[PDB]
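Not every chain of the complex is shown here; the ones you see sit where they belong.
When the chains are written out, they are named A and B in that same order, and each has its own residue count from 1.
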Amino acid sequence: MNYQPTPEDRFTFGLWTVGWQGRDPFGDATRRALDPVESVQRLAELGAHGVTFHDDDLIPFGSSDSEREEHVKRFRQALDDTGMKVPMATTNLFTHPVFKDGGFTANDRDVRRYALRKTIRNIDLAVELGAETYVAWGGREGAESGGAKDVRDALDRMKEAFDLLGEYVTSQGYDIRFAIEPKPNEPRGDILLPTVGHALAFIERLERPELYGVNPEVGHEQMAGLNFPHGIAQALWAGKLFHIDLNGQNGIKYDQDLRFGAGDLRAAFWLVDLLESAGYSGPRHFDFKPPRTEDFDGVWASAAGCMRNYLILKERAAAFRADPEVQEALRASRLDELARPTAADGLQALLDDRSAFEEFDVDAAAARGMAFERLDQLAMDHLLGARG
Amino acid sequence: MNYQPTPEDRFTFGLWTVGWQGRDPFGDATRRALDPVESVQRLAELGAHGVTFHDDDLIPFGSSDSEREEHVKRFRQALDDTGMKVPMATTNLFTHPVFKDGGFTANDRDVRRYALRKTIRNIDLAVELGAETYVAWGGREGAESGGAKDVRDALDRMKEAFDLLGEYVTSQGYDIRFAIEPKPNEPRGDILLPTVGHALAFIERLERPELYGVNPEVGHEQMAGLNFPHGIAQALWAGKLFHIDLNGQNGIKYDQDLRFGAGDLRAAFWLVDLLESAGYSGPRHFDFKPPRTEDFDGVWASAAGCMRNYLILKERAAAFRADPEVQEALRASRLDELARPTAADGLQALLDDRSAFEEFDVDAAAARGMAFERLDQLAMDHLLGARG
């Protein structure tokens, strides 16, 4: 009873994840820097499907065009050698001091122009390497104080940036879509578009909404105390789940980025249940940090437990949905009735229906139990492999 | 130096606010029930502009059509006697046991039909009394466990309900718009459409989006640790701030509904600054609970401090924006540059602009301070009336 990943499971990892040297706000690095080509090789051996990158993970900031080409060639050789793909890429608009007040919504106009040029350069590279999704995380877009940022003007600037990027892609004829990744705070006191809902809403105001979706992250919605499976369900309902970041988080605090399955384990179960039953077919991407307590052996153990926990939860969610006793419980709780239209008969028929109001027996309806606790204990028993 | 409300300030109160008897999850009522006509008279004397109501606040659940007409006539006489208006109304789809699994997204279809009929009956009354906004708070729409609610099916049911309501209003030719009020949790373990962003996003999928906006509440966004002024700015940017609920909240915990100005006082300052500078012209509605420690004298004192604190903050925000020294600080922090287009010259010009990349001096730009702390201390000094 083991749980071995293959490239067909579509598991991906950012370079910055296994590559995190362990520098935190209070401490120095505990691990040496990893060569991207070493991470590609090590992740391939563990059964991953591919890797993702920020521009600056792959090509050191300020590299000359000759060093750039060299970094890319070595990387490309490692992909060729391993069969690893690059399904997603993104921009670092957060590390360099120039970005201390944001990239696309910096108060300084010149910075905002530079942010766009830096992004466009990396869209070209991403396309070259075969990425289908381009992620935007505006971790520096926000404020620590109320007068520093007019948020209406800042959303104008953010719309302008994303519209220019959509013009660029369509003008180049690229097959690439954008995914906005929300986070509510950290490193800014408050970040703009802080949740999946705020990002979904914003997208509907862009000039070409069909080019944009979301890249939600488990731990970021949980930093606002929100139900991650519920947020993903809304993104799926809107047709905007382009990509996803998988990890774990213990409640409302700094962004922990624990390996997937740590943190809120029942939420991880209901997330896998949803992705698998909705048939999500994008990458299963891990955005996690091996704790700085670990050496490189602990790094690869942590990355392997990401994949393992996904597969165990997949098996338990599938057993849950396949169990006849669960299917009967779902009927008992009227999940079947939730899926039926309230009033396919139309408004006028509803208005004329005395059984909907005038003659509706509200006490009899009130008295019916929902049988949710029995259903939830079956879900617990399935998760724990304790079906008796 | 006093701060007296008049009806022209557009201050409104729910019947359920000053009428809260003080029943909490752990204790009995501490105050007797108020007659709606007494609350109308007492609020008029304090300088309020109008009141709002749930159906069941005004007409006892299960009232006959004769008792109904009587309740409404007495109410209407009190409005006539005082000049009070009714700008907003809403439905109770949360108290009665029949609603224990939701109204519009209850698993039982019959309940969902009943929820719609109950709502439509009250839209007619609201129109009769002159309301312009109809609020929907789905406090029972959600779940305590993951298998109880398929959230894609539940959003289908929620869309269906709101589309039927928009069909009704347009068929009747009513001048009334809908406002969805988000809350992240309580009384359900997780509530659907938990934040302003999730509600804005959902609205874009309705058949007639122009009929729907949001009614955000200070304390509800703060129950997710979010920046309320930032959420309001996004609602204003989308053109969807139809109504607002004003109160206070101390951080992430149960819904406190303190009087406005209690809770996060700096957030209240930045909220008033925004509403006044954006020229919001709807009601300034208070959804608050006088603490159950209070007798009726404490009730009216609490309601009066709601209005007082709004007026004091209005004065301090106006003094802030009018101060030449603040105007200079805003320029120093490049708020003027945030309001200018990043690239009105267009994409091609941006791509050809060497000063945006090839020759952009990133260290010089990085070195410029934002001068945000000096700006924020001027804002503090203005709030505290300590300008030296």
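As a working rule, a contact is a pair of C-beta atoms (placed from the backbone, for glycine too) under 8 Å apart; a residue touches a chain by one contact, two chains touch by 3 or more.
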Assembly copy number, counted for this structure file with 2 shown
4
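The criterion applied here is as follows: only the chains that are shown with their structure count from here on.
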Which whole number of Å gives the spacing of the CA centres of subunit A and subunit B?
30
Spell out the residues on subunit A that touch subunit B in their complex, using ranges where they run on.
96-98, 100-101, 104-105, 107-114, 116-118, 120-121, 143-157, 160-161, 164, 167-168, 171, 184-185, 190, 192-202, 204-205, 223-227, 229-231, 233-234, 236-238, 252, 266, 269-270, 273, 278, 320, 326, 329-330, 333-335, 337-343, 347, 350-351, 353, 355-357, 360, 362-363, 365-368, 370, 372-373, 375-376, 378-379
